[PDB]
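Once you have looked at the hints, place chain G on chain U.
There are 2 protein chains.
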Amino acid sequence: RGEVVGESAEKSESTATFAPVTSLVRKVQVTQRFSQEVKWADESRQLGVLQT
Amino acid sequence: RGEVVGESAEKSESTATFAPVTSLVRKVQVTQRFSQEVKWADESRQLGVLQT
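From first to last, the protein sequence lines stand for chains U and G.
Per the numbering used here, residue 1 is the first one in the first sequence, and the count goes up by one each step.
Per the numbering used here, residue 53 is the first one in the second sequence, and the count goes up by one each step.
Read the hints as simulated data drawn from the structure, not as lab findings.
Where hints are given, some of them may not hold.
[Said to hold, decoys possible] Taking CB as the label site, the calculated pair distances span: (1) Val56(G) - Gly2(U): 44 to 52 Å; (2) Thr17(U) - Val57(G): 31 to 39 Å; (3) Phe18(U) - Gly58(G): 28 to 36 Å; (4) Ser44(U) - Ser64(G): 24 to 32 Å; (5) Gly58(G) - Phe34(U): 25 to 33 Å; (6) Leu47(U) - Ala61(G): 32 to 40 Å; (7) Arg1(U) - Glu65(G): 56 to 64 Å; (8) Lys63(G) - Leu24(U): 40 to 48 Å; (9) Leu76(G) - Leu24(U): 49 to 57 Å; (10) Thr52(U) - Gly58(G): 29 to 37 Å; (11) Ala61(G) - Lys39(U): 52 to 60 Å; (12) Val56(G) - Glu10(U): 51 to 59 Å; (13) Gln84(G) - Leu50(U): 48 to 56 Å; (14) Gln51(U) - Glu59(G): 28 to 36 Å.
Cβ atoms here follow ideal geometry from the backbone N, Cα and C, with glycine treated the same way.
One chain only, chain U, in its complex shape:
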């Protein structure tokens, strides 16, 4: 901030203050489980279940 001062009046200081802020780190996973029966059914009959 600025300060208003007289002719030989004593001057002050006012200085910028700073602080840090920090990230977190999040790991996200998805796991889908199915029978090998479902792989056989899809690859024979062309369902597109594994692709969807």
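Here is chain G on its own, set in the frame of chain U:
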């Protein structure tokens, strides 16, 4: 769905789910009955009745 995991938190599973749906089959008929005298009237006068 995704799951948020720590550095050695235990990972879980979430899998897609599916179901089938089925059509019906439906047979539709229209039958219109007329006298032989109507066919003769129509084709001799050009009535257009049988075209309609």
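Here is what the structure says about each hint:
Remark: the range hint 44 to 52 Å for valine 56(G) to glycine 2(U) is upheld by a beta-carbon distance near 48 Å. The given range of 31 to 39 Å is respected by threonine 17(U) and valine 57(G), whose C-beta atoms sit roughly 38 Å from each other. A hinted range of 28 to 36 Å for the beta carbons of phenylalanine 18(U) and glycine 58(G) is consistent with their spacing of about 31 Å. A hinted range of 24 to 32 Å holds for the C-beta pair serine 44(U) and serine 64(G), which are about 30 Å apart.
Between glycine 58(G) and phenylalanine 34(U) the C-beta distance comes to about 26 Å, which sits within the given range of 25 to 33 Å. In this structure the hint that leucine 47(U) and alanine 61(G) lie 32 to 40 Å apart at CB holds, the actual value being about 34 Å. Our hint of 56 to 64 Å for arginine 1(U) and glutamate 65(G) holds, since their Cβ atoms are close to 58 Å apart. About 19 Å separates the C-beta atoms of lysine 63(G) and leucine 24(U), a value inconsistent with the hinted range of 40 to 48 Å.
For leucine 76(G) and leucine 24(U), the Cβ-Cβ distance of about 55 Å falls inside the hinted range of 49 to 57 Å, so the restraint holds. Range check, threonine 52(U) to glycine 58(G): about 30 Å between beta-carbon atoms, so the 29 to 37 Å window is met. Between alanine 61(G) and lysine 39(U) the C-beta distance comes to about 29 Å, which lies outside the given range of 52 to 60 Å. Look at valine 56(G) against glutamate 10(U): about 57 Å separates their beta carbons, and that is inside 51 to 59 Å.
Taken as a hint, the range 48 to 56 Å holds for the pair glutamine 84(G) and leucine 50(U), whose Cβ atoms sit roughly 54 Å apart. Restraint check, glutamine 51(U) to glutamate 59(G): a C-beta distance of roughly 33 Å satisfies the suggested window 28 to 36 Å.
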